[PDB]
Amino acid sequence: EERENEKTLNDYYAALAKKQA
Amino acid sequence: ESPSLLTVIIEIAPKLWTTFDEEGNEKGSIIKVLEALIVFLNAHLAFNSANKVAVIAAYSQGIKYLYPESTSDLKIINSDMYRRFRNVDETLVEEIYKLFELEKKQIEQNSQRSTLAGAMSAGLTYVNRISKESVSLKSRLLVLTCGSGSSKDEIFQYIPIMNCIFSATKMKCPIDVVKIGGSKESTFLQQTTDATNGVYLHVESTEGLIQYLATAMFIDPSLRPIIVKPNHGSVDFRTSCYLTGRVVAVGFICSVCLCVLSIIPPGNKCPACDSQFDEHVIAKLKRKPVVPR
Amino acid sequence: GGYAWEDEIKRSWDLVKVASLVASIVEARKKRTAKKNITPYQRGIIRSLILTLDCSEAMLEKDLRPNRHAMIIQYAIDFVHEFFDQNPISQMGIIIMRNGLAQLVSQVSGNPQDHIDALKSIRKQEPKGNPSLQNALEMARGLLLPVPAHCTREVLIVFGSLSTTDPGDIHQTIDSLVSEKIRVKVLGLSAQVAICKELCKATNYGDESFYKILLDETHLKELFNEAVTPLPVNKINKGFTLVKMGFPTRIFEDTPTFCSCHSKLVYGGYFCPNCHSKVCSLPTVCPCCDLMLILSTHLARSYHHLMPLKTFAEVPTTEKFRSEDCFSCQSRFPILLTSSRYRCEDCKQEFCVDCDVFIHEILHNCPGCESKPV
Amino acid sequence: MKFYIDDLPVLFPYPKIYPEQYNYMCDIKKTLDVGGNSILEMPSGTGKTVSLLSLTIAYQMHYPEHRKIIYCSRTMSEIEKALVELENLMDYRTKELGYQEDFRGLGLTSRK
Amino acid sequence: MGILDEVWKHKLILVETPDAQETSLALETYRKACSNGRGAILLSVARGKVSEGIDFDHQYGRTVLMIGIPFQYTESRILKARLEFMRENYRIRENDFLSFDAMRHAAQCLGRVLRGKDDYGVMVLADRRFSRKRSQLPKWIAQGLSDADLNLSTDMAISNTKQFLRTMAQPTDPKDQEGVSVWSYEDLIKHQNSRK
Amino acid sequence: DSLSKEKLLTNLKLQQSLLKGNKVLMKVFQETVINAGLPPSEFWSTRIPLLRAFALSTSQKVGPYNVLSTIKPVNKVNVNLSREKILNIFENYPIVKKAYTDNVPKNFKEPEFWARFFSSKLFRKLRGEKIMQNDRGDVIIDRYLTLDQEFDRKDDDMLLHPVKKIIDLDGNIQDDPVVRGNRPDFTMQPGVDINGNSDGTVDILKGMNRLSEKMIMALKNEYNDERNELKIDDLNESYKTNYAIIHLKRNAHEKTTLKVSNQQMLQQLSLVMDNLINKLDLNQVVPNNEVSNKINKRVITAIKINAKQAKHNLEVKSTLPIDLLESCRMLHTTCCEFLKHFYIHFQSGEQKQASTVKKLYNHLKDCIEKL
Ligand SMILES: [Zn+2]
Ligand SMILES: [Zn+2]
Ligand SMILES: [Zn+2]
Ligand SMILES: [Zn+2]
Ligand SMILES: [Zn+2]
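Protein chains in written order, with the deposited numbering: chain X, 349 to 369; chain Z, 21 to 92, 106 to 168, 171 to 328; chain W, 72 to 89, 96 to 413, 422 to 459; chain R, 1 to 112; chain F, 557 to 752; chain L, 167 to 240, 245 to 393, 413 to 446, 462 to 517, 536 to 593.
Don't take every hint at face value.
Pairwise CB distance ranges, derived in the manner of DEER restraints [stated by the list, open to error]:
1. 282/W / 173/L: 28 to 34 Å
2. 295/W / 322/Z: 33 to 39 Å
3. 634/F / 106/R: 20 to 26 Å
Chain W stretches covered by chain L per the calculated footprint, using a threshold of three residues with CB under 8 Å from any CB of chain L [claimed, not checked]:
4. 74–83
5. 180–187
6. 280–291
7. 365–374
8. 430–438
If you are wondering where the hints come from, they were derived from the structure by calculation, not from laboratory data.
Heads up, the beta-carbon is just placed ideally off N, CA and C, and yes, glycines get one too.
Based on the provided sequences and hints, a complete structural model is requested.
Here's what the structure looks like:
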């Protein structure tokens with residue numbers, strides 16, 4: 349489902365921001 | 021369904037045909053091809069009563085229209114056959130008589146290059162004339180080429196043929212090639228047939244040529260989509276290099292003249308248009324693949 | 072102070088009351110003079126055009142049947158079909174101007190079908206708002222940024238309004254375009270626009286012939302058609318180089334296989350000679366090695382642009398003639422005192438009026454020249 | 001260009017010339033030679049200031065009298081336009097003649 | 557009445573003002589709008605500061621709208637006295653001078669739109685009284701004024717303007733003007749020889 | 167600016183923006199990065215044009231235009251407003267924004283402000299309407315009438331600058347500072363009323379003039414000449430093209446992987477000459493029934509091959543199940559994604575990116591194991 353794919357993307361992008369930061 | 025026009029581009033020349041006889045054991049094989057053509061044209065005329073026929077002969081010193089004869106007779110065919118058939122065959126054979134006599138007189142003349150390009154271009158012009166003059172006619176081209184003779188240089192033949200391919204494709208005029216000779220494949224003529232929905236055939240033996248003509252090159256334009264062509268070869272649509280002369284799979288082409296080059300030209304300059312390439316940019320191509328140190 | 076009634080009656084019937098072959102030729106003779114000036118100008122065969130179309134309130138006028146928007150879009154579809162036919166190895170992009178904004182409707186690509194679909198969809202929406210050349214030019218500038226230096230960056234703009242509303246300074250955008258070497262052609266609809274003339278002039282090395290205004294629907298088709306041919310390059314603008322591209326070999330497989338470009342199952346495809354990946358159609362850049370793949374036919378389509386056939390000059394009736402029939406089609410020349426023979430100086434062979442148009446428009450090789458042996 | 005009148009060489013600052021300018025220039029020279037006043041009306045679409053300066057300035061530089069020139073306008077803005085046209089001619093004459101001849105041209109306005 | 561609202565859509569509105577500096581600023585803005593393709597419309601007085609030397613060549617001036625004959629104020633003591641003086645001394649009729657005074661200002665504004673022979677524009681005189689003033693215009697303006705244009709309507713004039721503007725945008729044929737409107741050095745020598 | 171390769175790759179917000187809506191790109195990104203491990207920076211290296219296209223969509227704005235004039239109120247009367255128009259009003263007028271930010275929301279709501287604003291005399295003054303003392307207006311908005319006057323003087327100084335002497339009308343009236351003549355009639359002067367003060371119609375003329383000046387000036391934002418203007422271009426030499434000509438020499442080597465004498469052609473030509481004149485038999489063309497079978501046998505051999513090829517010449539129908547087919551498509555797509563990036567740096571020609579080639583090689587090996 350798109351909603352699940354969005355959440356993992358948001359978590360993944362949140363991890364990216366956490367990782368980069 | 022509708023009348024169709026058949027234009028046969030027969031390439032007749034003693035140099036091309038004499039070599040064919042010498043290599044083989046058949047003497048005067050041109051008669052067998054000529055006899056087959058007469059019946060083939062009659063077969064085309066028998067398909068419909070409203071279809072026309074045109075024959076162009078590419079002799080050593082130029083081209084000539086065998087049929088229809090210009091407004092500007107010996108007995109070679111029986112007079113008891115169908116009137117329309119004889120009206121074409123008798124003129125066709127008579128022009129062959131005159132053409133050979135003209136060629137015989139200029140036998141000592143130096144035939145520098147073949148004239149197949151002109152005949153194919155001439156045939157297309159005739160096809161255009163009939164289509165617009167009469168109004171709703173289909174067209175087709177048939178090339179009878181004798182490739183037994185060792186050609187001098189075929190490179191000049193490339194440009195005229197490619198231009199003819201586009202014109203035939205635009206006018207919906209499929210062109211079929213029948214080749215009699217040693218070489219199995221012709222990289223240019225075979226390419227012409229595939230790019231124009233034509234039929235390419237190669238026969239080593241002149242005898243029994245009518246079976247091929249009536250079974251392979253007899254597909255009229257009306258029923259082209261519903262008949263699978265009998266061609267067996269495959270075409271790569273590749274062109275030879277300008278210096279090495281070999282077929283290039285991956286290479287370089289000039290930005291200005293579109294000349295294919297397998298390798299970087301000597302002197303860092305184009306060999307066809309005398310254009311100087313940037314030293315830095317050509318060095319980019321020369322760089323080798325990246326690998327870990 | 073008598074009115075027009077008392078003066079007289081119009082008497083419309085009074086108005087109407089109750096060499097020619099030479100006239101038909103001299104017009105033909107004069108028209109041949111215009112096309113006599115042909116030289117092998119250098120042309121950029123590889124092109125990158127960004128088609129900008131105006132879709133604004135001014136495009137709702139009824140000047141062109143049915144309206145400007147429908148006809149321009151209709152001609153746009155025709156332009157794409159003709160452009161890619163004669164420029165196989167080029168790429169096109171489509172932009173439209175709506176509500177004072179530039180809308181991208183087609184990315185730069187070598188697939189004609191994709192552009193046709195976008196144009197057809199645009200045919201439905203009703204145009205409105207104000208145009209913005211600066212928004213369109215800025216978007217066109219960006220779209221042409223990822224283009225090789227050997228390609229010719231061009232922008233064809235179809236402008237219909239007499240005024241332009243822009244957020245910034247248009248002159249700065251014009252200067253940037255000149256710096257980026259982009260060339261702009263404008264096809265106006267109603268009248269000359271001062272900014273458009275400057276854009277077409279300063280952007281084309283001062284040439285003022287790239288800003289055209291139509292006079293009827295027939296002329297508009299001619300204007301669109303003229304843009305298909307490659308635009309000659311300037312002498313001092315040198316970008317000569319070698320471009321690495323390969324010639325793939327067609328295959329015929331028994332079972333379908335995934336395509337490396339669309340990730341879709343397709344029966345047959347062309348194998349790249351550098352990475353063996355298969356591509357559905359040509360000419361396209363290989364999706365893996367970024368190597369352009371083309372056939373020998375595509376290159377041959379542009380030879381006539383580099384070696385144009387020299388014009389055919391009329392022959393005066395004073396001199397005698399060689400043959401009574403056309404060399405290529407043996408069409409008897411009418412006697413008519423004037424001559425219809427057209428001769429090629431290279432081979433000195435008579436050609437009829439019918440072939441001469443056909444030889445220089447459909448074909449690109451003189452039938453007589455090829456037959457002639459050196 | 002550099003064309004000739006009956007006896008006066010005049011250097012036009014453009015390669016081309018309108019038929020009206022030549023006729024206008026010819027009439028002005030005749031008025032100066034015969035002496036008196038004249039009223040010449042020329043269309044606004046043809047260069048008038050350049051034609052006047054070209055002939056008049058050539059007239060003084062050639063004839064021994066070396067008569068000065070007085071140019072009268074209706075506003076200060078026209079003074080600058082004439083001076084810019086005046087500068088155009090002298091620059092062309094300097095390039096064609098190979099030297100800057102002794103010539104002084106100034107505009108006069110208020111202190112403001 | 558809301559008429560200005562429609563004009564604002566297509567062109568910026570610049571208006572002459574009594575202050576000279578403000579009017580100069582308006583001219584700069586008016587020229588800038590024309591140059592950048594935004595389009596501008598300038599409202600000025602036929603007997604004002606703009607008409608006395610400011611020219612609108614090429615893009616700046618493409619249409620001149622003369623709203624009425626720029627007649628002076630008839631009920632003026634200064635003008636009436638001058639008219640009587642001219643009538644008695646120079647035998648100039650009062651009506652003739654008034655027409656001459658107004659026409660010269662109208663023509664003055666008309667001639668500020670052409671610089672070279674490649675410049676074009678449309679000059680419309682909007683008043684019932686201009687119809688009989690064709691002979692009073694400058695010769696080069698009267699020649700271009702056709703008989704059919706002596707009395708037109710707003711709709712008819714607009715149609716001619718659209719057609720005229722479209723024609724002027726086409727590329728001029730050089731051969732039509734090689735030696736009939738512009739002369740080279742050789743052409744001038746031909747003129748001198750033929751006359752002599 | 168935010169339209170170059172470097173900034174676009176580093177702009178996280180934009181990358182998440184289009185990827186949020188773009189489904190097809192989302193599917194590949196999730197497979198090829200979340201689980202495969204492809205670095206995000208490399209993934210968008212080949213998709214730079216996609217990032218630029220989305221940014222340009224929201225990175226452009228319409229040009230300035232007169233907005234209050236378009237607002238037509240058209245007993246009850248309704249007027250339609252939109253957020254885009256609301257922003258335009260603030261941009262074209264700072265006084266309205268000044269009274270909006272400091273009031274909304276502190277005392278009352280936004281809808282009342284605009285209804286309050288329109289009914290006020292401030293809206294009439296900005297729109298160019300001649301203020302009528304009879305109109306009551308609004309008490310709150312009228313407090314800014316004096317403030318708007320200060321901005322007008324500030325705007326005048328903002329627009330005031332030296333003007334070129336070519337179109338300097340101030341100098342024309344100052345050409346002679348001692349001109350003494352009859353004063354112009356009242357028709358050539360600003361209108362006045364009985365009391366003698368200005369009628370006010372001059373103010374609206376300046377207001378519209380000021381609006382045009384501000385709009386043109388806003389265009390020239392942060393984002413010798415007279416010599417050419419007075420030149421007569423028509424009299425100058427016509428522009429001459431400087432196109433380069435090219436001549437193509439045609440001489441290439443032949444393709445690389462018994463000659464008959466002159467008399468032989470004459471001899472053979474005579475044989476056909478005699479064979480043709482004496483008689484011609486078309487009936488001999490029929491085969492002998494021994495070669496026709498061979499001819500037919502080989503012709504069909506091509507027909508069968510061609511028929512098989514042509515019987516299978536939107537997506538073609540498949541036999542695999544949907545679940546397996548979808549997984550296979552994803553595996554093909556992710557492997558292709560790695561191939562492209564590998565070749566970009568493998569064929570880059572710069573040794574600086576050697577580490578990437580080794581890393582990109584690892585995933586390709588995993589693809590073989592995964593396949
Ligand atoms: Zn080259
Ligand atoms: Zn695909
Ligand atoms: Zn590849
Ligand atoms: Zn012909
Ligand atoms: Zn020729």
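Hints, verified against the model:
1. Here the CB-CB span from residue 282/W to residue 173/L is close to 33 Å, well matched to the stated 28 to 34 Å.
2. Hint check: residue 295/W to residue 322/Z, Cβ distance near 54 Å, so the stated range 33 to 39 Å is violated.
3. The given range of 20 to 26 Å is broken by residue 634/F and residue 106/R, whose C-beta atoms sit roughly 36 Å from each other.
4. As drawn, the segment 74–83 of chain W meets chain L at 0 residues by the rule of a beta-carbon pair under 8 Å; below three, the given contact is violated.
5. Judged by the Cβ-Cβ criterion of 8 Å, the segment 180–187 of chain W is covered by chain L as claimed, because 4 of its residues qualify and three suffice.
6. Three residues within the 8 Å Cβ limit are the bar, and the segment 280–291 of chain W against chain L gives 4, so the coverage statement holds.
7. Against chain L, the segment 365–374 of chain W contributes 3 residues with a C-beta closer than 8 Å to a partner C-beta. That satisfies the three-residue criterion, and the hint holds.
8. Counting residues of the segment 430–438 of chain W whose beta carbon lies closer than 8 Å to any beta carbon of chain L gives 0, which falls short of the minimum of three for the stated coverage.
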